[PDB]
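> Take a look at the letters that make up each chain.
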Amino acid sequence: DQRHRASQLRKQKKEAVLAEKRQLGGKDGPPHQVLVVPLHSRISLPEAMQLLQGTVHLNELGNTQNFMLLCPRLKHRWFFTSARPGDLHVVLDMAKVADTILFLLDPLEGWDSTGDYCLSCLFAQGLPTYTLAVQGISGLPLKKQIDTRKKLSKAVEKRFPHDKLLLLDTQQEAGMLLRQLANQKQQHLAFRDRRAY
Amino acid sequence: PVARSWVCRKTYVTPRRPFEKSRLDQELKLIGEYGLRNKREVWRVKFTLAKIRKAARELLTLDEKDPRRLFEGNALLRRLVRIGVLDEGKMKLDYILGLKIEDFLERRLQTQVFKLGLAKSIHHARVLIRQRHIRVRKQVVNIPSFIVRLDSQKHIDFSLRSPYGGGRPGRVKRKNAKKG
Amino acid sequence: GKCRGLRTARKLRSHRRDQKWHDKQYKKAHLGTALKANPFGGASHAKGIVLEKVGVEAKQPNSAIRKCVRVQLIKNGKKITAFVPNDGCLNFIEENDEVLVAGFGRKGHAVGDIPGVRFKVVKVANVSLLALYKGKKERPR
Amino acid sequence: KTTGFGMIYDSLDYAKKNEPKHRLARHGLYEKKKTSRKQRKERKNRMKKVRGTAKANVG
Amino acid sequence: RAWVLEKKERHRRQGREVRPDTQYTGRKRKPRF
RNA sequence: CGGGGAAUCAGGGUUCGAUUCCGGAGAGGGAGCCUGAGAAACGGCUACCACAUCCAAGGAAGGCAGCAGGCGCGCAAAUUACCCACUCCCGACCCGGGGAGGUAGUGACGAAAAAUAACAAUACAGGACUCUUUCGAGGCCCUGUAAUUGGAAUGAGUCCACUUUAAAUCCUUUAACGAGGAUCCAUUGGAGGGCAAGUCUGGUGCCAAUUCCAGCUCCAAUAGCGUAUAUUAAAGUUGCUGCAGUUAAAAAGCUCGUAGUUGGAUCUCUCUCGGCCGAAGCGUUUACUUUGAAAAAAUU
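Residue numbers (the entry's author numbering), protein chains in the order written: chain u, 52 to 104, 109 to 252; chain J, 2 to 181; chain X, 2 to 142; chain Y, 68 to 126; chain q, 249 to 281.
FYI, nobody ran anything at the bench for these hints, they're computed from the structure.
Heads up, some of the hints might be wrong.
[To be verified] Here are the computed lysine to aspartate or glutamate pairs in the EDC-like style, where the Cα-Cα straight-line distance is at most 20 Å:
1) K76(X) - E71(u)
2) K276(q) - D114(X)
3) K151(u) - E139(X)
4) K135(X) - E212(u)
5) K138(X) - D98(X)
6) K137(X) - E212(u)
7) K68(X) - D88(X)
8) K256(q) - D114(X)
9) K138(X) - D167(u)
10) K124(X) - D218(u)
11) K105(Y) - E228(u)
12) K278(q) - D88(X)
13) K151(u) - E95(X)
14) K240(u) - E99(X)
15) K138(X) - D218(u)
16) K240(u) - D98(X)
Using the sequences plus the hints, can you model the full thing?
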């Protein structure tokens, strides 16, 4: 009876989680909105936005371009947007609607002082789920790539205490990044959940 | 299944009473004229003595003609004479219980360098060992707590590759002479 | 007195078996019902979602108004009332926050000053209260 | 001080018989194939889905 | 704070050595984490 | 899961052992088999039950408690890396293969060693010693303390080479550069109620006492130190060693009575067959003690 009772509770909780994970990004839900924010002036954002693009539907505006990405095999619908830090009504308006924020990081230092300003604004407003990607670890010599990754994880630990760093270098690692973003638990913000936006 | 060895020990024991005035001062006295870094180098030498004292009192309860008492009593006494904490004429299991911590701490390489006139203080000895200025026989030693056997006592030389030994001047002297 | 026969091992063994149960420390760890009603489930820490903020009055010889929080644990759904290190540390806690909760310090018994509260809050939003109060870190919301 | 091991062979022919492949390649007498384990293992599993002479046509 | 005072004076009745009664008798030093 | 075994340890114990060695069991739950020397085998098959993938909707296909990796669960646990060079295994084989296994990555679980300064001069302060009854003098010593000077020594690092290694890395060896606030800057906790350590300071308010906050000074351990929880010792507060039951927790209302437990004194080797011995009834049967064999390593 104790084993059967335990499996009854596990059958309940797993069906609840399966409903919530399928409802975002799937065929019966809104697109998984990803906001890509670089944190240094040495990060080439058009180079990173090239790697993320399945079939692509490229929408664009007067200055920025936000493209729709559909992956039929992986069964997940994306909406990728970008925002340079330092323009407050740009970054803060599209981050309160985003489900995932992708931070791009300098291989050498942690982030610029502008990126330090942007992070203080996003932390106070409320973060959704975030994933950290290092863009230029292959430009460094191969000897120091283990060593400089060791130094980078120190400078991140002041603000992101225990979080894995990924790499955005190839199309392979880009494909690994999309799978990490798709299958990841979502941070439920209290404000925007109670209202329709 | 790995080809590794997981066997490892602790070489010290923390005392039960952490703050008592009598034990705090006898330990601080030992750090003073032997130039130790912490209390752990006091508790380590205290621990290696109790291991010897436990082995002595286990053999002593055995009767005199027991062949394990004769083999391991002679083995224990030879090891203490070899590191120079026991006199030659004091080879008996009863004299082991009369040892103190200060007999073991006197046999370190830090203490022997100060006693041999190779250094100006016990703290000057410690920095001289660590900076690769001291060798025993033909081998350079960094470890101040290197316990010196009796055969190595008169062979503590002074490092042929050192400025204080063979004669190649240091970084500071070379940089200074370039100024003029 | 106690029987001292050579062939009395069975009675000496069986009696000590039954007289162990009459120590309350031995019964708590061995009956198992003291871990079923434990909110932590035999753990050392537990995470939970903050429901609201409340205030708890202190004892009669030392009057005070201490401020606690009502947090509902995740893994079992039980409600516990947790203590915050001071009133200054309550600025970093909002409702519907995930907090990591430990015990206050005496294995189940309450504070020697304020009754009714048995747990203290260690982390909020996956950062620690010590680093938040000392200005070392900032918390996301 | 420096400690090492060495061995002297009777001829160059006996050295090419009794030595490991890596020690000869340190001297320039042997060259190894440059295929990583992934390239051999994925190719191996790719041609076990094909039966016949078309095994040799696997990319 | 007042609970500390009656315990100090009880120890004063017992005759053991006590610290003198001052302004800093019962004061929480700092928050405890 | 069991065991070897781990922690603690005066002695007796108490607690632990999912976990690398040994034995067992299992491969989503059950069941039935084929082949084979050996399997009721799941990196084999056939069903049912629970899930779940592709579709032209007829059909096909599945089993990570293997190595990575992800989701979930949670207080809680690392790389979708390189190699068969080591140890061994398999094969028709000296040659092929091995996420067995090895090597790097992450790693303050834990364990060992061990930097963050040393010396000389100058100035004050203490303690000896020579001459003086003393005060005092000591180019008499010794030891400390510096908003004081001085060059001597070095690693941490940056970066050729050699060595290492399957190829590398690390360590080890070495060219070059590398230290005065040597800013190349050591933390974590606790103290004005008991153990190590307070006749402190400034804001905040109740009728001089008194709620809250920020500091100073000191103490301890130190590349470490707090907190929570489980457990051991403290605990002779589970007592065999070794506790108690008048008044403090506790002895039954009284007697008879099965099992169990405990029970007064007494008792000082031999017969045939074979070469003084060997075979044999052994002598009432035990418990006890001593000796001998036999008992996996690793751990101790």
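> Against the structure shown, which of the earlier numbered hints fail to hold, in ascending order?
none
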